[PDB]
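**Student:** The chain contents come next:
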Amino acid sequence: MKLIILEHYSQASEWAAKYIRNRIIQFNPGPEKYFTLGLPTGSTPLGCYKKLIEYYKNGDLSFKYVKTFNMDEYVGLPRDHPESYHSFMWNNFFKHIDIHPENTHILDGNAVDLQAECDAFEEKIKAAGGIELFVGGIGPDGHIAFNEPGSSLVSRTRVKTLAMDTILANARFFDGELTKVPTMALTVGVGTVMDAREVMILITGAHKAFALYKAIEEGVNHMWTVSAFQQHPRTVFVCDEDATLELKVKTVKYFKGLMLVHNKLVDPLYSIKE
Amino acid sequence: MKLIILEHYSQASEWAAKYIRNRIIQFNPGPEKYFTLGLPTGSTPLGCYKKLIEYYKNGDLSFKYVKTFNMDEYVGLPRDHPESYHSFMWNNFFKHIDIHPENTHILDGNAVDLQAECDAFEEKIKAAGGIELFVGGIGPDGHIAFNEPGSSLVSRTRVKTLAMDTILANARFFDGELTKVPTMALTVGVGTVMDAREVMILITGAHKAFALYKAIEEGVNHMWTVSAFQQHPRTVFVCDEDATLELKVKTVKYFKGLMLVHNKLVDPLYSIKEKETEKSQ
Amino acid sequence: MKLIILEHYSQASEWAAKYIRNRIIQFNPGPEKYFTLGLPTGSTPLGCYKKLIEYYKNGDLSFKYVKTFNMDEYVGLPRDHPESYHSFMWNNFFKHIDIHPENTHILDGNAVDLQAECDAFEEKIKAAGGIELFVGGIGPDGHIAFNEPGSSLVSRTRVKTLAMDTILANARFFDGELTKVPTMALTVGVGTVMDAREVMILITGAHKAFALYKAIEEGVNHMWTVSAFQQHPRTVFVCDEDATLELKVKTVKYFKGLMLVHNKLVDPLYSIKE
Amino acid sequence: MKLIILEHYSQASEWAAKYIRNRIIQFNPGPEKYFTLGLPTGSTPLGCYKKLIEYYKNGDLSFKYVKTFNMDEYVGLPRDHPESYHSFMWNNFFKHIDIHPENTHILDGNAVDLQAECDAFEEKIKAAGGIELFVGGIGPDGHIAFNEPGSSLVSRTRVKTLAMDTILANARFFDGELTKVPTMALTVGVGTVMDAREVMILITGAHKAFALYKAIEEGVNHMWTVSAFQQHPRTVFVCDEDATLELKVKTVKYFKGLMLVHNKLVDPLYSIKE
Amino acid sequence: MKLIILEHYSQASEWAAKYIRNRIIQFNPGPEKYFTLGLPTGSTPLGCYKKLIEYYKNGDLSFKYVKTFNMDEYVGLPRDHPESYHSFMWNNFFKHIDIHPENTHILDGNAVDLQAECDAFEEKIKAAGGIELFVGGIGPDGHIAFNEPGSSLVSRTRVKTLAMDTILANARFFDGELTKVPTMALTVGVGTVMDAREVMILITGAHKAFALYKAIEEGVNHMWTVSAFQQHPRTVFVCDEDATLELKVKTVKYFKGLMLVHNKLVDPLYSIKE
Amino acid sequence: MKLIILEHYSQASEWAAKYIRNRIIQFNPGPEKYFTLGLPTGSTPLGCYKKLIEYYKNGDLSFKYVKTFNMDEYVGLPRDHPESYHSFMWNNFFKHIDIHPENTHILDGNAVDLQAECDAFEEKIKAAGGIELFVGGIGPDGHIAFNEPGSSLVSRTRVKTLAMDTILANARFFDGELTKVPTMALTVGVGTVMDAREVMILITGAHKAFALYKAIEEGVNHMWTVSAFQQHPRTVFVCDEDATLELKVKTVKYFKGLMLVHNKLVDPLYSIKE
Ligand SMILES: OC[C@H]1O[C@H](O[C@H]2O[C@H](CO)[C@@H](O)[C@H](O)[C@H]2O)[C@H](O)[C@@H](O)[C@@H]1O
Ligand SMILES: OC[C@H]1O[C@H](O[C@H]2O[C@H](CO)[C@@H](O)[C@H](O)[C@H]2O)[C@H](O)[C@@H](O)[C@@H]1O
Ligand SMILES: OC[C@H]1O[C@H](O[C@H]2O[C@H](CO)[C@@H](O)[C@H](O)[C@H]2O)[C@H](O)[C@@H](O)[C@@H]1O
Ligand SMILES: OC[C@H]1O[C@H](O[C@H]2O[C@H](CO)[C@@H](O)[C@H](O)[C@H]2O)[C@H](O)[C@@H](O)[C@@H]1O
Ligand SMILES: OC[C@H]1O[C@H](O[C@H]2O[C@H](CO)[C@@H](O)[C@H](O)[C@H]2O)[C@H](O)[C@@H](O)[C@@H]1O
Ligand SMILES: OC[C@H]1O[C@H](O[C@H]2O[C@H](CO)[C@@H](O)[C@H](O)[C@H]2O)[C@H](O)[C@@H](O)[C@@H]1O
Ligand SMILES: CC(=O)N[C@@H]1[C@@H](O)[C@H](O)[C@@H](COP(=O)(O)O)O[C@@H]1O
Ligand SMILES: CC(=O)N[C@@H]1[C@@H](O)[C@H](O)[C@@H](COP(=O)(O)O)O[C@@H]1O
Ligand SMILES: CC(=O)N[C@@H]1[C@@H](O)[C@H](O)[C@@H](COP(=O)(O)O)O[C@@H]1O
Ligand SMILES: CC(=O)N[C@@H]1[C@@H](O)[C@H](O)[C@@H](COP(=O)(O)O)O[C@@H]1O
Ligand SMILES: CC(=O)N[C@@H]1[C@@H](O)[C@H](O)[C@@H](COP(=O)(O)O)O[C@@H]1O
Ligand SMILES: CC(=O)N[C@@H]1[C@@H](O)[C@H](O)[C@@H](COP(=O)(O)O)O[C@@H]1O
Ligand SMILES: N[C@@H](CO)[C@@H](O)[C@H](O)[C@H](O)COP(=O)(O)O
Ligand SMILES: N[C@@H](CO)[C@@H](O)[C@H](O)[C@H](O)COP(=O)(O)O
Ligand SMILES: N[C@@H](CO)[C@@H](O)[C@H](O)[C@H](O)COP(=O)(O)O
Ligand SMILES: N[C@@H](CO)[C@@H](O)[C@H](O)[C@H](O)COP(=O)(O)O
Ligand SMILES: N[C@@H](CO)[C@@H](O)[C@H](O)[C@H](O)COP(=O)(O)O
Ligand SMILES: N[C@@H](CO)[C@@H](O)[C@H](O)[C@H](O)COP(=O)(O)O
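Protein chains in written order, with the deposited numbering: chain B, 1 to 274; chain A, 1 to 281; chain C, 1 to 274; chain D, 1 to 274; chain E, 1 to 274; chain F, 1 to 274.
Bear in mind the hints are in silico, worked out from the structure with no lab data behind them. Ideal placement from N, C-alpha and C gives every residue a C-beta, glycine not left out. Since no wrong hints were added, every one of them can be taken at face value.
FRET-style restraints, in silico, Cβ to Cβ: (1) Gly129/E x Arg79/D: 53 to 59 Å; (2) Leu46/E x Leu258/F: 54 to 60 Å; (3) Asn58/D x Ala116/E: 31 to 37 Å; (4) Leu46/C x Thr183/A: 34 to 40 Å; (5) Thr183/D x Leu265/F: 17 to 23 Å; (6) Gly30/B x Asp267/A: 52 to 58 Å; (7) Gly176/F x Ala127/E: 55 to 61 Å; (8) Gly130/A x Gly176/F: 57 to 63 Å; (9) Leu260/C x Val112/F: 48 to 54 Å.
Chain B extracted, bound-state conformation:
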């Protein structure tokens, strides 16, 4: 793995944004070669989305030839509901960039046949040529997307029932009432994300420190699904200092020593300008 460590949230968000920017630009997508991006929702990636929007407005980055696939969506919640992930993505990112609406893909949590919706989502990813870069986060319980503890590490897109940690963490978005949070969600599987050519997990905050420790210091375990990426060929973990609190000093020293090498991934910072 590549463990990138920044001092604060803003810095981690920025590093992740710069990386995505460089990857898209250097990939140089076009009409016959789109850049496929897997995406997360939540407050963690918001900073990254904000920076990406800035780069776009400044004329340094374009999403015209980018296709996106979100990792999940709540089941039974109206799409127009302000707390739906469809609403989150549109209001916080898509409506602010030059991406084609038809090239953004989010699971339909109100589909008549939920499993059919999930299977169709997998087929869309396949039809798009797979995912080039899948950006994700880690839950307090170590989950990737909604692959709660005890999820098959080779799972595909399917319906999952939210665990206690997830409900408690999202209660705020639903009047602080636990029972208000949707009981289930449609989510890409651990295997679905593992199929991406590259995976970048953004982790910020002391509240994620223990989960990060479980995911990269302890072994492959289906109780902490992000641990599955220990067997992925190209995963990058981008975090701030607080998220590293539970890791061994030796580990952080090793990767901080590698920041000179890894910062070259974002410096120089490329642009579509000229």
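Assemble chains A, C, D, E and F with the ligands onto chain B, guided by the hints.
**Tutor:** Then chains A, C, D, E and F with the ligands, alone, in the frame of chain B:
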């Protein structure tokens, strides 16, 4: 994984039997489409076998188009010995159902060339089109079949030497005397079981609690081979309350919360019998 | 796995050499069927190499139809530098046997495009038909080759930065100065070694006991890369008594009970003399 | 230990209040025999205090002959600051009951000589004949009072610098700003609390589950100071369902099986009314 | 601690019996200086008791000036019931030796006031001048006496409710049926046994290997009460090979290396004969 | 505990020397009030001793009224042997300072009655009024003095047989011959050191990182005897960066945050000069 938790052994046994019954009936096996079933032995699956027999006698389930593959058998033990797995399967299941003898497969622990017998077993599984549902259990050492601690997690069928825990736990079936238990056994590999389309592990009793904890709470480790299924796409763990004693409260709460959903797998319970004529609207 | 336990380093070294000898002879390589051998460097395998040379000098074993691929090499060290792995292999093994120079392959730590060199190495392995038997060791930090803690368990050949652990352990080869040990190395990946048809890890000494315990008693974890072999179909660990100090009594008892069965792998000891 | 498990926060709060009520009433304190009660602050004991007040207003319980000693107080915060523990105790408990002001003791965080203030606090506890019942809570990091991870398990009252977890958890009381939480606190030691004749730890919420697990399922460790009570002769843990999420099923079943016996501690519920 | 390792149950039993024999003889008890011996029940000590009896019958050992205190007894069971510990001791030991009935002490689980009975037991121990040597065992749950997981490590003699493990282990002694096993028992506390001048724990069988590991390889933890003796000045653990299966090789090698030194404790073997 | 972290060995050594210096000077020992100092041997404390000598030579520190008690000594090795601890202390420290020989105390590993010599050592410590400051180190196996893994945590001075780790580590002083390292040693117990008013453990180097982790991050365990100090009221751990490699980032950050506070223990630095 799907972790199913029942109150007692009888209920856990019954749930497993109902699931197998529904899977077979809904699979609807025929001459050109057999249902392949991997099977275990021991006191644990006995309750399940008894229920399956009950279903057969009641005329609700047929094994005519089912092929079975047992996970293991002792090396050097007389096939007619009351403790051989051949005898266990014949007396506790096969002789009570309508499965065809040519469709039941058990490793021959008395073959002169043991590895050849093992390789031939894998060939039979392949010829049958793979395993649709593999039923297994877990040892006190966390083993699947006889893949003792330290076994490759991608192993195929081969000869294995029984470890201490297994010998001691099985010493009761041989005059309660240790050295009387066969030293080796022929066993499907962890990889062999992993290749099944679905795996169902039945676990009952407080004496299996620690092994279950190691297998599903701790990570993938060849010291507790059932842990390999954390990387299988479709595994079901059926246990009774006592088997969950070493698990975290949070884990049990989560899965108990899913029992209403998971009971849909055994309710309704299907039958091969003709549909009721008097059904309206 | 098969865990072979010998009394002393000498006996462990010898068992490994006998096994390699039997495997090559029984494989019976020829002009259209070479025996591909993956190899390590270091004091641990030195004893094995010395025995292999003895077998050759005695006329019992030939490397004429053997192709070798070394696990790694330091980046930046002159090829003929006395501490380079090129030099270690030439002076401690190759020049004393009948293997053809063109059939020995070692990563070029002096290449300009390091990743291109690594990719070429992988192509050479593929061209040779893969590795029949990969011999390796375990670092005090549990590494295989230079796949330091935190390396992808499905990694391929690439550049890796040495961890402090490895730097400390190899400083004795560079005038005892840490600052003089090469900072990076080219190394086959965990996945590269896993692709071998058979893997034999030689481990000796109390200083390797904790790492051995981590690799075989604890689970699959990218922090102790040799643990990856728990998912390899045919891995053999060869150790001496001191290397077993951190294992459970039960584990050692089990494998010592299998020594009669496993010694059949080296007895009879075959010879090309008939 | 006695582990008491209730369904919700309200029920756990009530059980603790009933126990304190029964202990004081049966102790039957008087002008020459006071009941010494060690007390905590925070949101956790809030429900308990509210019940105790209800009991008093109903004429069922009197604190007239009760002396209290709070486990800690922030250094530097003006005593009258709304966030001082002096303020917390006065507004949430003391001003609502019949306890004598001169019999309530809280460490003076504004003293010039901090250690002298701490030593004086210990003298006062001794002068009062020790603590009959010390009520406490557990921090997310397993602390008792402000005996942060790495505190001597036989420590006495002294100055302690708050750890990260404590700062983050208490920031909500200071406009959600971490930089506003006092850096140090005066706190009774682990040994101070261990000297109490009986110790009752109140634990509620899923956010305390891991700490409880560390304190009672893992061993005596100064990293999780509540673990020290494993060597106390009379400690009672009162929690709600959510606080038991990280414990083994076996542990919870054992203690739930003892609830019939343990409920005799609060049933019947005594009253001073005659 | 002193960890004594014998090959089989019979050998471990004999070593234990020889040690008790030498301790009594060299102590040379008299009417004004009795030898106080703490004792356990169960199948583990059976072999030891048999040897002690042989020693007595051969005229080599006398229990005339020995006082015994058993660690526990079931509550609600008829004193003369075949499964009572009163009966176990009389049948398996007392009736076969020259000890005086007035000098054998066992908790009366049928006392009107159980707690008073426990306190009285502690008084008797003190009146006898304390316990010179307390012999015990270890449960599958690591318990000493009936100090089940979660028992105070400084507990005194009291009533305890049997845990799952203990129930399942004794169910066979009551028609293999679980509910038939007495729900409670009177037991000396961990502190009670810790007060002995010397403690000898006898452990045999692979079914005790995990508990032994928890008790001496992991740290002080009230979940495995025998771990408390890590803080006792003079404890001896006597086991057979099978009981050591879960321990680290290094630990067993260290103590097997001390067997020649420790055998001096039982060789020469003394006798009261002139 | 107080964990002091310095950059390298030299800095850690100096901090320790400065602290011992300040403690002695401020203690102001005299004819009827000696400063009792417990001392260790080995390469770890060498740097500290060198600095203390400098302070003496510069006329800033006097050992005239200081009494010393060394923690251990080899059994059976001639006192005149260059590697005896008597020789180590006199050649590396005592002969270079103004301490009175009669006030230096080291166990006699060649005494006729070893236990008597040990008991006599405890009496001398008591006669001296106990130990004011006991300076020690930690073994790779976490030992304090020669209280090898599996030593009673309340042990007194006695004979101990060295464990494999100690043998392997000390072999460097006996030409690298393991079998040349003395088999046994007389050593103060864990309890003996715990009785000191203050304990300072010096830990330097990556080879000690795991033991430090075991001693302060895991719990009280007789397998890692320095862990016993978790229950000491005043222990100070002085280490360098490399010794902290196995600790959690959170722990190191907490203590580095306290370095300005703890440096007040050595700044200002006092002198006997008026
Ligand atoms: O990230 C920098 C590299 O970008 C290119 O590689 C990406 O885009 C190609 C499509 O245009 C893909 O074939 C390739 O898999 C992507 O990684 C550029 O082509 C490289 O030179 C840069 O190293
Ligand atoms: O278990 C319920 C499902 O049963 C069928 O699916 C099984 O049998 C088929 C063969 O007849 C296979 O193709 C399939 O893979 C099996 O799962 C039924 O056909 C489905 O509708 C049910 O969901
Ligand atoms: O190691 C003993 C075996 O050697 C042969 O098998 C090896 O060499 C063959 C090439 O000639 C390969 O096909 C095979 O994969 C190797 O394992 C021998 O042919 C066997 O009989 C022995 O078991
Ligand atoms: O909690 C119930 C018990 O209360 C009394 O015991 C307490 O109060 C006494 C002072 O009045 C103390 O001596 C004693 O230590 C306290 O526990 C009552 O006196 C007992 O009968 C009850 O068991
Ligand atoms: O175990 C051998 C030792 O036995 C004596 O010590 C025991 O008995 C004495 C009473 O007679 C006590 O003072 C003492 O505490 C016991 O240990 C004998 O007196 C010693 O010489 C032996 O070492
Ligand atoms: O370390 C600084 C302190 O030194 C004194 O305290 C030491 O010396 C006294 C006399 O010998 C002892 O009573 C005391 O226990 C030692 O700690 C000084 O007297 C203090 O003021 C300083 O804090
Ligand atoms: C409503 C619901 O929650 N359904 C899920 C299902 O989608 C999933 O396949 C299975 C196993 O979980 P897994 O696929 O992660 O192993 O659990 C549940 O039965
Ligand atoms: C008689 C016997 O016990 N033979 C087994 C062998 O069949 C197995 O392949 C190997 C490794 O175990 P593994 O295949 O599980 O990795 O161990 C033994 O040498
Ligand atoms: C100079 C250097 O050290 N480069 C390596 C790189 O080759 C490797 O791919 C990556 C992840 O490590 P991994 O491939 O083992 O997961 O880490 C570094 O950025
Ligand atoms: C400002 C401050 O934080 N001071 C504390 C001090 O009061 C405490 O005695 C010592 C050890 O912690 P401990 O007493 O818990 O072992 O740490 C700090 O140096
Ligand atoms: C009927 C019964 O089981 N009573 C026990 C009691 O005797 C014991 O003091 C307490 C704590 O256990 P502990 O003393 O070991 O800490 O638990 C129970 O409430
Ligand atoms: C020659 C020798 O090594 N003797 C020691 C002895 O002095 C020590 O008391 C005992 C227990 O170790 P402990 O005192 O640390 O518990 O072990 C040995 O039998
Ligand atoms: N399923 C996602 C959002 O619900 C999840 O992957 C996310 O990364 C995690 O729950 C953290 O959410 P945060 O962004 O709110 O921290
Ligand atoms: N060898 C296998 C038998 O199917 C294994 O799964 C077996 O179930 C295990 O040893 C447990 O035996 P039990 O079923 O008798 O508990
Ligand atoms: N470069 C070696 C790194 O020290 C590494 O290849 C090898 O895998 C292992 O460290 C063996 O070293 P040894 O031979 O010195 O034991
Ligand atoms: N020092 C106490 C309060 O500041 C602390 O022990 C408390 O128990 C813990 O921090 C939890 O606080 P809470 O009551 O707010 O949960
Ligand atoms: N209650 C004790 C017996 O009186 C119990 O300590 C005993 O040592 C333990 O349960 C082991 O029993 P066993 O000897 O029957 O294995
Ligand atoms: N024998 C003790 C000291 O004399 C032992 O505590 C010592 O601290 C430990 O062996 C460390 O030795 P080192 O200083 O050589 O690392």
